[PDB]
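In the form solved without 1H-indole-3-carboxylic acid (ICO), a lone chain appears below as structure tokens.
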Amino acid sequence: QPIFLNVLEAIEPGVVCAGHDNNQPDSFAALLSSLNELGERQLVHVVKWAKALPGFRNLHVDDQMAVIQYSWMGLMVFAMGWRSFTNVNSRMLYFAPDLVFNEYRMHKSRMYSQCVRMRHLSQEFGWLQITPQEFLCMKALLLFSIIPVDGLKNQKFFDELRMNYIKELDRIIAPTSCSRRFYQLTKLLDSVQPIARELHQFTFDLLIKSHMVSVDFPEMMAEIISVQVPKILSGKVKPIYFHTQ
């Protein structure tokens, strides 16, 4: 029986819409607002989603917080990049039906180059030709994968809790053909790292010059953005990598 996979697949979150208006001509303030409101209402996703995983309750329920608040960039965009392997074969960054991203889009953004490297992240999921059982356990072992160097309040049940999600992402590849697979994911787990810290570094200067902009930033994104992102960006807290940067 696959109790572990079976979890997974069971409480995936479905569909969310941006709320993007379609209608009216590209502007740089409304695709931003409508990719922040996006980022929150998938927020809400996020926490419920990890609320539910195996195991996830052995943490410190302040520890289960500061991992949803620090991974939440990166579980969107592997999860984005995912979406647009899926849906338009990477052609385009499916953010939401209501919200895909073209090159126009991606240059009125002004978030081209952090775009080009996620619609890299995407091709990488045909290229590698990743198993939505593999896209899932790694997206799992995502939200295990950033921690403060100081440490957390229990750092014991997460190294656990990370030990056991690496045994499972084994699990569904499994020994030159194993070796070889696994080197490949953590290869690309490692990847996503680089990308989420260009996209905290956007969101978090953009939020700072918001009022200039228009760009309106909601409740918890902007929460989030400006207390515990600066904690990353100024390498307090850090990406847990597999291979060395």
Second form
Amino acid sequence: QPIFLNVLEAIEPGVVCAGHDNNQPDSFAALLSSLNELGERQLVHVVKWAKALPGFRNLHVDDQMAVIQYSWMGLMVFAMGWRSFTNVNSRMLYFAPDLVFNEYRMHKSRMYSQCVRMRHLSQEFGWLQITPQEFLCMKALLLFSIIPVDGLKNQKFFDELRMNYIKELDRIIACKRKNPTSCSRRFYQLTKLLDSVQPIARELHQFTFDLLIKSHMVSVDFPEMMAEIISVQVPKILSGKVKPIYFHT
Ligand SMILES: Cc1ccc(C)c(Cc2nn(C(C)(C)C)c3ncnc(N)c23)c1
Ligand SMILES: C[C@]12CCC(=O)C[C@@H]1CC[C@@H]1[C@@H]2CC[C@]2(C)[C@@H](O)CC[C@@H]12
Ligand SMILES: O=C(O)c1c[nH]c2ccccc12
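Form solved in complex with 1H-indole-3-carboxylic acid (ICO) structure, per the form solved without 1H-indole-3-carboxylic acid (ICO) context:
Time for the whole complex; same chain goes first.
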């Protein structure tokens, strides 16, 4: 910053619609299918976003795809939680302008427990009085928060990149604090918030995987990219071959 901050703010994705038909009565098939589609559409914005981040191209072409394919879920949840807080003060999950989840939908989606956790994450944005800038940095960092236990092709470039994004988050915290104790206190809070995202993602990873398996049974449509990623990338995470990077133990 100003350089770093300018970029993140300049590349922040715009509003993405789900294409849901809010005129038809709610149903598991319709709601989940809409969530899946929204996922596809968003995945495209995430790829272009990540491929605009400072130094992202320092990563091997294969690792570039790897990081996105593993962290998309977390990235989308953290971003969904930020929208819910700013647009409806966490009252409901603001997936998209045409896809807002109230208590009833949280129930009909059959993933109420997961909606509760995500909504709790949204509430954190308010309790911790997270700023738009702190949010942007954290989200950028989420892209580099999950890798295979055996590392990537060019692991070194990844470490350097992750290290630099952590440094940037530090400057964001320092560029608005006089006390040397307030800074350390904030960083602690932010890393705690970042970690709390992984557990929520894993539960969604397990849920979507199971849904994909019995998709044909429950009449739930899965976009092309979503189906491929969930049947090839997600399993690696659920089997322990790929794991998130926690700040705290
Ligand atoms: C070769 C290359 C160059 C840049 C990026 C971001 C990637 C990862 C990447 N690309 N794509 C397509 C092109 C199918 C939309 C992806 N779709 C889903 N997940 C991905 N990680 C990616 C790959
Ligand atoms: C990432 C999405 C879609 C993008 C968003 O705003 C967050 C939201 C979180 C729940 C995901 C959904 C995509 C489709 C999934 C993966 C369903 O299959 C089950 C959980 C859904
Ligand atoms: O700030 C970042 O994210 C950076 C990634 N690669 C770099 C090289 C020099 C300075 C900052 C960065």
